[PDB]
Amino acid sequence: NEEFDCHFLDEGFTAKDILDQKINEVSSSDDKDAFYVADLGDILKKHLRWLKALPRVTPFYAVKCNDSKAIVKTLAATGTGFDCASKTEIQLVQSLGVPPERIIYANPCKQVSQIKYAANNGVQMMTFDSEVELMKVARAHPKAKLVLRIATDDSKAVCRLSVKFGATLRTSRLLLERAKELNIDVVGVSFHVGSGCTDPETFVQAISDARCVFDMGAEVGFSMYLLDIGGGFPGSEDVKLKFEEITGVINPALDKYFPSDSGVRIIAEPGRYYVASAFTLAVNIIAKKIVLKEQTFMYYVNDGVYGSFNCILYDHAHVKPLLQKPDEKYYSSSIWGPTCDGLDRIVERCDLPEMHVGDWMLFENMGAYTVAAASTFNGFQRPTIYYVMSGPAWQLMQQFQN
């Protein structure tokens, strides 16, 4: 099974080199299905980077971003926690040998049978943001350790009037009093700034708001210790607001509002940060049209918006096709997926040299919210993932296991 198969990445070779080699090796055949190269060493590099940038914050990987068994196994060996939102995610993480104390069930709105599943498997820490959730916990998981999820503002959200998750400060006070009345233990506060964050000061506001709810907790009689700063950190350098600019703003706020001597335990829920850059997708041009307007091209490829490029609809993705000479002419071009749906278009207009059927197009930074939400609509199967890892990366993972 390719899911637990890992290939060696030789010294002085990058994931890009491996991609080029596989492409060369299938040159004279029609075995040209789309495929990923997934560098597990990149995930270890992200972990070293996290330990350096956020030394007080324990990462809990957001499984939904990419539930690859190889990814979860690599991060588990590294010693991360996991943010699970469903029975299936908890099952996946536990099947790889992760104990329940390394899981946070950070779904604020949980089906009762899934709350019971968590209780049956010893997963004690869950989030909530509503009184109905407290009633369900009192019935189905009364000894749970609850983390209150507070609202964060996103001034760029498409729907700012209706926010799916997060209690206001006023509601937070009423929730803490209600939890006390029901004899439910609230142990902390969580927030999630969201992947659309343009200003790191949003984290400062959320940390300040979390401190306010910690103070409310102390007033109601709770022993709050757990601060969860959520996710939304970028997974590549191809962004305006880079990881270390965010962390450089977070750390002074953590020191100010949650000093280490308070006994607080700080965690986060990064998803895309760990995995986005680790996956590169290669698709093959399977069909081609020339349209005179002067010369323009339509390229059809063997992954699309029902597959990996669902990220265009669900994840606000803007994808950048890359070629697998400076003087050669570029033409206005559109790129289409393989399904028989006129909506299955990946790129409306870009400039490309004339390409041909059998040529490859590459898409970097395809690890997060891609394969996790792909379907087999129209019968088109998911691209094979080839996992690679260098010897030195494997050795680094071994050091973490000890």
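Heads up, when I say rigid core I mean the largest set of C-alphas that superpose within 1.5 Å between the two forms. Residue numbers count along the first chain shown, from 1. What changes on going to the form deposited in another entry:
- Compared between the two forms on the core, the listed residues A287, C159, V112, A218 keep their C-alpha shifts below 2 Å, save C159.
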The other form holds:
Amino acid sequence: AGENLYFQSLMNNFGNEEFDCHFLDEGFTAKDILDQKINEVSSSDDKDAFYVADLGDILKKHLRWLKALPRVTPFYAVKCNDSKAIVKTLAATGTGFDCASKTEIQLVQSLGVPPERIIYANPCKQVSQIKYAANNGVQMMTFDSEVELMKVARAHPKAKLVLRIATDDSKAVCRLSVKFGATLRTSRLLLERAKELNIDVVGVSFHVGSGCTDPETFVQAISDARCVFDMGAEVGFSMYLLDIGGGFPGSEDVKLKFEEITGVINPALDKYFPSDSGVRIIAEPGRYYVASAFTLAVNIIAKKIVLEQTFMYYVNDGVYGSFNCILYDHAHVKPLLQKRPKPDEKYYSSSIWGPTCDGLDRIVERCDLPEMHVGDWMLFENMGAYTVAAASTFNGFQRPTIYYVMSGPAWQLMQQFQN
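Form deposited in another entry structure, per the form deposited in one PDB entry context:
The text that comes after this line covers the one chain and nothing more.
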């Protein structure tokens, strides 16, 4: 009561008139807040799509990371979801940040995060953006090419470079190795070339692919990273930074859970990078931190019946907005009823469509649903990763508002981390 208004006051300060962070009472969840917001507009037409984002879920992910990967410092991949509230939460918690560009560096530096908690993990950077990093004290960057070394020699000669190597991402949902990652053969030449140019290489990074499905690829990558460390020693570098990238799942609704992956990572780290080697192990998790924290509520705005009886439902977010993940992230979205269905009632073959002009704007091709009506809500859980970060305003449709929530214990845990 007095306690609740105290926490809310502090969450209002945290929000800083940039985002709304709503205090979660004892016994109330992010799911309850979603229901409450829906009930509040029940007799209204003000039924725009919206998210509820549980900042407490993000804190739980951090705790869980600390336990599962105790030797590995997480640097959050800003690109996955660049919402300021998320970055601010993680900044207070004490994570590092993997930044892809100048604007992400600017976001992170604006929240008071020191340059040593940033890795500029884009291997192929525009020179003007390299200069920006140099001018703002961001020293650590990745690379995987000889041209990148030539650019760094000119624009950031004192940078600490991290050589990104190829992985076997053949079974990963999102493959990155076609685009980034030097082969071991190329790595050797890059090390020698860096040495000639008087550039300091301090370590190795890799990414096994977003949505990893074969955890052994982490073992192969760690083994390969050791080979490059060894080659660096031969050419004259003191290597101390191992960056194991991302690829971790962001919810429990997956075949390969986080803990299964960390269970194979840890023994490989102990074998190839024992703590008495002096190695600092980092990672660049994105999806892991944020996926389950966001739930999206969309409203059914239009409806058609196609004759057994089948239905087409149109909702107010789509493939040009949050559901761009269907195309770019190969996401398989699962529509959830906001109103619990009657135990007995008929289900029909149904399709779900976005709000735009485009026939390509289809969210679900075929599913079974009870008969729904205009004004009913549908829910999409685990919508935090590679969603709002890649949304457009095609057709003029604005991005759903994100309403943040946080419990007392979550707030307290964040303060614990912040010292």
